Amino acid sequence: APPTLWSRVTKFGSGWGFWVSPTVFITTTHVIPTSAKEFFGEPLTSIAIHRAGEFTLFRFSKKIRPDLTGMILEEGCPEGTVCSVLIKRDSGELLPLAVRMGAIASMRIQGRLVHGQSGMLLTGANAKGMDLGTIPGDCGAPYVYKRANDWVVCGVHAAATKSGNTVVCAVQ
């Protein structure tokens, strides 16, 4: 995946978030620290928060990331699309996990009710672990895919099943 996509992946709360543009940051609602009143040196006052279940969008009044160009954010992707989940792990290692996306789903995973776009990992047969699959610290990592000449972001990592084979992307 291109360097300009990896540059947008930002350590945040208990997981990650993604810069769509200089003013727009997206993340998984449950990774956001509950007491937080400041983000990138700005007060809540100065920020427009748009929350839909496990999807949260932050729109800043000023350019926090002026090095970046605005990208396309879509509301999930067609069934059958292959996405990469842009996961950073211990070492500056970069793990673009391949996932075949499916239908919008409602699930119970461990102790929680989760809603978003379901996918199946294409990394291995029994991806329950850090080497081939996701771990709880990956929450907020972006789902991206290439279309013709463009890259698109279409959601953020919200949950995985006990087996690790099924993941859920929260969508706008």
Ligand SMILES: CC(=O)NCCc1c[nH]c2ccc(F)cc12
The other form holds:
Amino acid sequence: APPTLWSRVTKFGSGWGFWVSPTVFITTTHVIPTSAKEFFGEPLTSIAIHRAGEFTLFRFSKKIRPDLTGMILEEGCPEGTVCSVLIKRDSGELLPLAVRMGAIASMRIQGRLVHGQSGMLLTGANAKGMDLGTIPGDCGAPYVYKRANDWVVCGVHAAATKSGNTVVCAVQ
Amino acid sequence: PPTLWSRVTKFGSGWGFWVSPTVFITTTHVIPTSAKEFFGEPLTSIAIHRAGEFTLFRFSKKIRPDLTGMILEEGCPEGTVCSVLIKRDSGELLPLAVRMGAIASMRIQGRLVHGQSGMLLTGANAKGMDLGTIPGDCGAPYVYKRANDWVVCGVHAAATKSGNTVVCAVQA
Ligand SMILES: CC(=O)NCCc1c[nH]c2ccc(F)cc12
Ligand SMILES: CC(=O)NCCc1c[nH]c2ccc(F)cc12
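Now show me the form deposited with this ligand bound, since the one above was the form deposited without this ligand.
Zooming out: every chain and molecule, the one shown earlier first.
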């Protein structure tokens, strides 16, 4: 995956988020620190927060990441698209996990009612674990794919089943 | 625990894998042809067992005392879904699912290679995205989970231009 996409993946709350542009940051709702009143030095007042279930978009009134170009955010992807989930692990290891995407789905995963785009890992058979699968610290990692000369972001990591085979991408 | 990934080590023109503190496996063609030592041990001290494109090194002292010993087998049952544990010099980790087939002598680009055939499960193509193998990946291990037990069953020897078909060299 290109260096510019890994540069947009920022450690945030109990997981990650992703810079779409110099002013737009996307993440999974449950990783946001609940008492928090300031983000990258800016008060709530100065930020437009757009929340659709486990998807949250932050639009800043100033350029927080002026090193970046704006890229395309889409509302999920066609069923059958192979995406990479851009996961950072212990000590600059970079894990772009291959996922085949499926339908929009509503599930119950552990306690929780989860809604988003389902997909199946293409890493291995019984992927329940940090070596071939996702862990709770991965929530907010972006789902990306290459589409002609362009890369697209189409969601953020929200959940995985007890077997680890099935993942859920929160979508705008 | 040490992760599986800490066992995958840069070696020669590719990679290899620590099965135990004293046992290292790799692809024969990536081993240097001019050497007096490996991993700081004199070649005097190293047992080398070659069988076509599969090589095993047995050291006389513990090079990786942090590891436990893993199950090494001579390939796996047809239909097993393995993971090829690819490391790249970017710092990326690429576990790719492979459906394993028959032992054969296969024509792969110019070349006759003997080992276990497999097909990558990332489909359409790996062209643009982190979804296939490249020449520098030779020696990456093939692994799978069986009950609570991780099994290593061979090393990455070859792949087609296409990228669909791979060869896993196995112990003889
Ligand atoms: C992977 C990654 O985040 N890299 C950049 C780190 C960084 C430096 N200065 C910043 C200001 C805002 C922000 F969100 C990130 C940064
Ligand atoms: C233990 C075991 O047998 N696993 C399933 C084998 C398998 C993987 N990918 C497939 C795609 C089509 C198909 F017909 C079979 C497979």
